[PDB]
Amino acid sequence: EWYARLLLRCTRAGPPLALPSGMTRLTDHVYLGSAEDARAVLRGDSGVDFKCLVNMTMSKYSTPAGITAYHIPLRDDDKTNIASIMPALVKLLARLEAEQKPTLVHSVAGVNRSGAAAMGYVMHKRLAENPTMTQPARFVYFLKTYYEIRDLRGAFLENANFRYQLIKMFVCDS
Amino acid sequence: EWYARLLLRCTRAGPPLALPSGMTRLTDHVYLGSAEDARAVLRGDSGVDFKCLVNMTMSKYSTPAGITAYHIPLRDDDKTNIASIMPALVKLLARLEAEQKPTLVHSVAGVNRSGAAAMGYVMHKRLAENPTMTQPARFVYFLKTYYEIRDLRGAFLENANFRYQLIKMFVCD
Numbered sequence: 005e006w007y008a009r010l011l012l013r014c015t016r017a018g019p020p021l022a023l024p025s026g027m028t029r030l031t032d033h034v035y036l037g038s039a040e041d042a043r044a045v046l047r048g049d050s051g052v053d054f055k056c057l058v059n060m061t062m063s064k065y066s067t068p069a070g071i072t073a074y075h076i077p078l079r080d081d082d083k084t085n086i087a088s089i090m091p092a093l094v095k096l097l098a099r100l101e102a103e104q105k106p107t108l109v110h111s112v113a114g115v116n117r118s119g120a121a122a123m124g125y126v127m128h129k130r131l132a133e134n135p136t137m138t139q140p141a142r143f144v145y146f147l148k149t150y151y152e153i154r155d156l157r158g159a160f161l162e163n164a165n166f167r168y169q170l171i172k173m174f175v176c177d178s
Numbered sequence: 005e006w007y008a009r010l011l012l013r014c015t016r017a018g019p020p021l022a023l024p025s026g027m028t029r030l031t032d033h034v035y036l037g038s039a040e041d042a043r044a045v046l047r048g049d050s051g052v053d054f055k056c057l058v059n060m061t062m063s064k065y066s067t068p069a070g071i072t073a074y075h076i077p078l079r080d081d082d083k084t085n086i087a088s089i090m091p092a093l094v095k096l097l098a099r100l101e102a103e104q105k106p107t108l109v110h111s112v113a114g115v116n117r118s119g120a121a122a123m124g125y126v127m128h129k130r131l132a133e134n135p136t137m138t139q140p141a142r143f144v145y146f147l148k149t150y151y152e153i154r155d156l157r158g159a160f161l162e163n164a165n166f167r168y169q170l171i172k173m174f175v176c177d
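Top to bottom, those sequences are chains A and B.
Here my numbering = 1-based position in the first sequence + 4.
Here my numbering = 1-based position in the second sequence + 4.
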């Protein structure tokens, strides 16, 4: 696909000029964070009453009472497949959002694995709101949204493999 | 102005890996070239029976009988508004195309001033044929067209200011 490769290049932002510092609230109940943000939730040091944790790192952890952790172990590399994880994950995040359950999606740096989940969910939410959205409209929305989140976080979805898989799923596919 | 800055991210192709070496036919009657292509037409050494030349350089020239030269004085710098003259230039190129006059749009390197006219005219022609094209559709078409022409010419519309002005005019507006 030409438009997919074009968009992957449009979103090749080069090296991060800042690293994520703090969690970012993507929707009223979905948050994007790092291992540092996840650790703060687990210590009971968070200012948000998180009900769910979406762990996209290799290492599992125990959760205190009242917090449910969903473990999606992924490697931040160029061959990892996220095409079958993403449809289930965006549906899960949309269900937690609808249930008004504050959720933290995280991975070690809070950049690539969790960033891919964050991008997928934001794309999914927009398409749920406008299911008629054309392929060029989806293309431009992905572009604008990618740079909008990257502006807040400094580093976001740098992994070209994941970004391409997300472009294929939410821009190319109807 | 805010929307145009993303497409400008998309068309930052880096350094040219080749420079234009012959004219490029953009449409049935509109061609893009350099000073070298313009001088070949004027010597009667061209392979096309050109009826018009659109000179987008500061220096004017004389034309042989049967050839009409339109002079659009522009400099290739970061202090030029190419947008100011673009609506009348695309309107002129569309009229020459309709009159079926083979036309050569040129500037010294055949990259930036004539490249901006070439990009503007291709955008204009597409929108005239497809007037329902949406802003994202215009965005993607500009992007695809920019890389298509750059692939053929090596260097094309490298001047970021002209490229941004063209995005604003033909994609945003």
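Read the hints as simulated data drawn from the structure, not as lab findings.
C-beta: ideal position from N, C-alpha, C; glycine also.
Each hint should be verified, as a subset may be incorrect.
Chain B is faced by these chain A residues, among others (derived, beta-carbon under 7 Å) [said to hold, decoys possible]:
| no. | residue |
| --- | --- |
| 1 | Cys14 |
| 2 | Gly18 |
| 3 | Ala141 |
| 4 | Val144 |
| 5 | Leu147 |
| 6 | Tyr168 |
List of simulated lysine-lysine pairs, PhoX-like, C-alpha gap at most 20 Å [what the hints assert, rightly or not]:
| no. | chain 1 | residue 1 | chain 2 | residue 2 |
| --- | --- | --- | --- | --- |
| 7 | B | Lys148 | A | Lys172 |
| 8 | A | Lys148 | B | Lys55 |
| 9 | A | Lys64 | A | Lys129 |
| 10 | B | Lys105 | B | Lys55 |
| 11 | B | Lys129 | B | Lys148 |
| 12 | B | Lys105 | A | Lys148 |
| 13 | A | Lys172 | A | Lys83 |
| 14 | B | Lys129 | B | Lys95 |
| 15 | A | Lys95 | A | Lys105 |
Restraint ranges, calculated between C-beta atoms of paired labels, are given here [as the list claims (entries may be wrong)]:
| no. | chain 1 | residue 1 | chain 2 | residue 2 | range |
| --- | --- | --- | --- | --- | --- |
| 16 | B | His75 | A | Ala22 | 46 to 52 Å |
| 17 | B | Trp6 | A | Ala98 | 42 to 48 Å |
| 18 | A | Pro91 | B | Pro135 | 35 to 41 Å |
| 19 | A | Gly18 | B | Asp49 | 41 to 47 Å |
| 20 | A | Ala98 | B | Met62 | 24 to 30 Å |
Status of the hints after comparison with the structure:
1. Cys14: holds, 4 Å
2. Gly18: violated, 10 Å
3. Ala141: holds, 5 Å
4. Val144: With a closest approach of 4 Å, the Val144/A hint holds.
5. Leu147: holds, 6 Å
6. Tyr168: violated, 16 Å
7. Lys148/B x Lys172/A: holds, 18 Å
8. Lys148/A x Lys55/B: It is violated: about 44 Å lies between the C-alpha atoms, which goes past 20 Å.
9. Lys64/A x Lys129/A: Violated, because 28 Å separates the two Cα atoms, which is more than 20 Å.
10. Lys105/B x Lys55/B: Cα-Cα ~5 Å, so holds.
11. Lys129/B x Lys148/B: Status holds; Cα separation ~15 Å.
12. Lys105/B x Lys148/A: At roughly 42 Å apart (the allowed maximum being 20 Å), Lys148/A and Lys105/B break the hint.
13. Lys172/A x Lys83/A: It holds: about 15 Å lies between the C-alpha atoms, which stays within 20 Å.
14. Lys129/B x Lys95/B: Satisfied, since the Cα-Cα distance of roughly 10 Å is no more than 20 Å.
15. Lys95/A x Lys105/A: Given pair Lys95/A, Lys105/A holds - Cα atoms ~14 Å apart, limit 20 Å.
16. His75/B x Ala22/A: 46 to 52 Å: This hint holds: roughly 49 Å between Cβ atoms.
17. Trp6/B x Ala98/A: 42 to 48 Å: violated, 29 Å
18. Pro91/A x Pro135/B: 35 to 41 Å: holds, 37 Å
19. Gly18/A x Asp49/B: 41 to 47 Å: Given about 45 Å between the Cβ atoms, the range holds.
20. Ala98/A x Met62/B: 24 to 30 Å: Violated, at about 60 Å.
When held up to the earlier numbered hints, the structure conflicts with 2, 6, 8, 9, 12, 17, 20 and fits the remainder.
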